[PDB]
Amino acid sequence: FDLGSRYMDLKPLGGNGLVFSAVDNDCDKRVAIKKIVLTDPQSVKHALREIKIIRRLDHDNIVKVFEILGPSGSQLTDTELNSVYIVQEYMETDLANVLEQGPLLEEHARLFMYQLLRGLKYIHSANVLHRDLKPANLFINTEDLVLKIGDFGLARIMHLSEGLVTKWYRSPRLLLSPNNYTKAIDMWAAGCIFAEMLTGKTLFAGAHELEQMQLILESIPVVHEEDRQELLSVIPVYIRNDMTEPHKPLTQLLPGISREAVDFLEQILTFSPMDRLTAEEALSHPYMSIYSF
């Protein structure tokens, strides 16, 4: 199908019917077109918040955005329409799919982590937080082995529909304080992704916010007395008695994985965000310093 005098052969990616894979006749290449329907004055607020971010970011490990189109298919010069299309680079697959067929080799999991931390270093330098890091939002170009961070729909600079969001990659601070978003929150998610790349399975797979904390507390130790006293006053009684009970450490959740990868992960998956490595700190670590020239 057609969309304006540039994009031809629109084919979906499904059951959604809002994401397409068309070809640009002016460039003679494949592109991924995403549609955003506008009704709610908050849906316009989220669309405006996203466009400003995606048009400002240009990095080798970030999904490059080509154009922002209107309902007819004409480009936007930069509102109050009905539908807005977004043209992005087209990527082969996404890490969610890659993990579906099983764990990556320690050489591929390390390479993708380096590219994820390089991409995170760029967005955090521009004071932008991804706010939704998960394997589905990390796109893979299998032949060049290139990871590219995409889907900045939840991204913010510096509460509704919480059911449709995955809590599996949320930090303990984010589960206690959902209103505050920091650079450290993106780092915990990056750690959870690296552990999923090595094992194939989700490290902390919780149904809700409370169950997510219960699973994190079983493996991640609370070192600071400030965080420990806060938990005794916030997390419920059934989770409170469970943390003093014996459980599996992080090294037992990663069987067959080398101590170099586990000790690097133990520095990122810290309960307190103060002890946590940043994107710059993680890239300068001996486990990641080997990829830079």
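Numbering follows the first chain given and starts at 1. Take the two forms, superpose them, and find the largest set of C-alpha atoms that agree within 1.5 Å; that set is the rigid core. Compared with the form deposited in another entry:
Comparing the two forms between these two forms on the rigid core, the single residue of 261, 235, 68, 57 with a CA shift of 2 Å or greater is 235. Fitting the two forms on the rigid core leaves the C-alpha of residue 94 displaced by under 2 angstroms between these two forms. Residue 152: CA moves 2 Å or more between these two forms after rigid-core fitting.
Once the rigid core is overlaid between these two forms, residue 226 does not reach a Cα shift of 2 Å, moving by less than that.
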The other form holds:
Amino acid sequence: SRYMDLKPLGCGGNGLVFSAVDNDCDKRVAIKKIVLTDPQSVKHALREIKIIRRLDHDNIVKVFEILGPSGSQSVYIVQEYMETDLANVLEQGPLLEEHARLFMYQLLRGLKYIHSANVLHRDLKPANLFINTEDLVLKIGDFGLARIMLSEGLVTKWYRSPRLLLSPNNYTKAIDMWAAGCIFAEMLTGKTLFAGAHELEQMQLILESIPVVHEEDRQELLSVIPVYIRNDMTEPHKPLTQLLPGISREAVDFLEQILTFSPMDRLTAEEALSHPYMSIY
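Next up, can you give the form deposited in another entry of this protein, since the form deposited in one PDB entry came first?
The following holds one chain only.
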């Protein structure tokens, strides 16, 4: 009786999403319908709800209510309506460095929050970063959020870290950070940094630009891709400075610190925010 005029917004992983208007307050909402197809789906939906119910931050999409069939506080997640998504913004071209830098700050602020709570995002990509163009606010989408402790082909390989390509079911905070670096490069250039369709070509695209500085990392690659055995992995053929040719040296330097092959050398969300390139906000 509360939510009226519902029009589908598209399809996520969990289910169909709809835009609707609330009667209590004349504001717009975004509702996710999750179908309880199998008992595996009910267990998955229940994990997701307990997480999003306790997270409250300026750069995380706000969850208002949870209702079942007929609307009572199939499952329906009522969240805040955002104007657009980052993917729709970047189809229109690259951003001014001032806007990319501001959106990166907000993305990092949102990551620093979820990571502190021992939550990570299993599906970080421009389509799941929501924008209100009026206030230039960026908010990370709730669906994909998971505690650190069918349709497989519909998962993008593009924002996957070298480690996630080698160990496909192991998600960590550092994996969110690699994806954030990739999204930042995409906001600056208006095109995907590493656009592979398969796990191996994605690894080969990364290896053309990212140095392998540890022998442990080098030995692992020689056991999967032995062609690079007499190549000095320390100096790639097409480095990030070449891949990003019109952007500032300050942006590339900050990027080189996030797009490290090893998670051990990679800045954390907290460290990236304390970086001079970000601390000015």
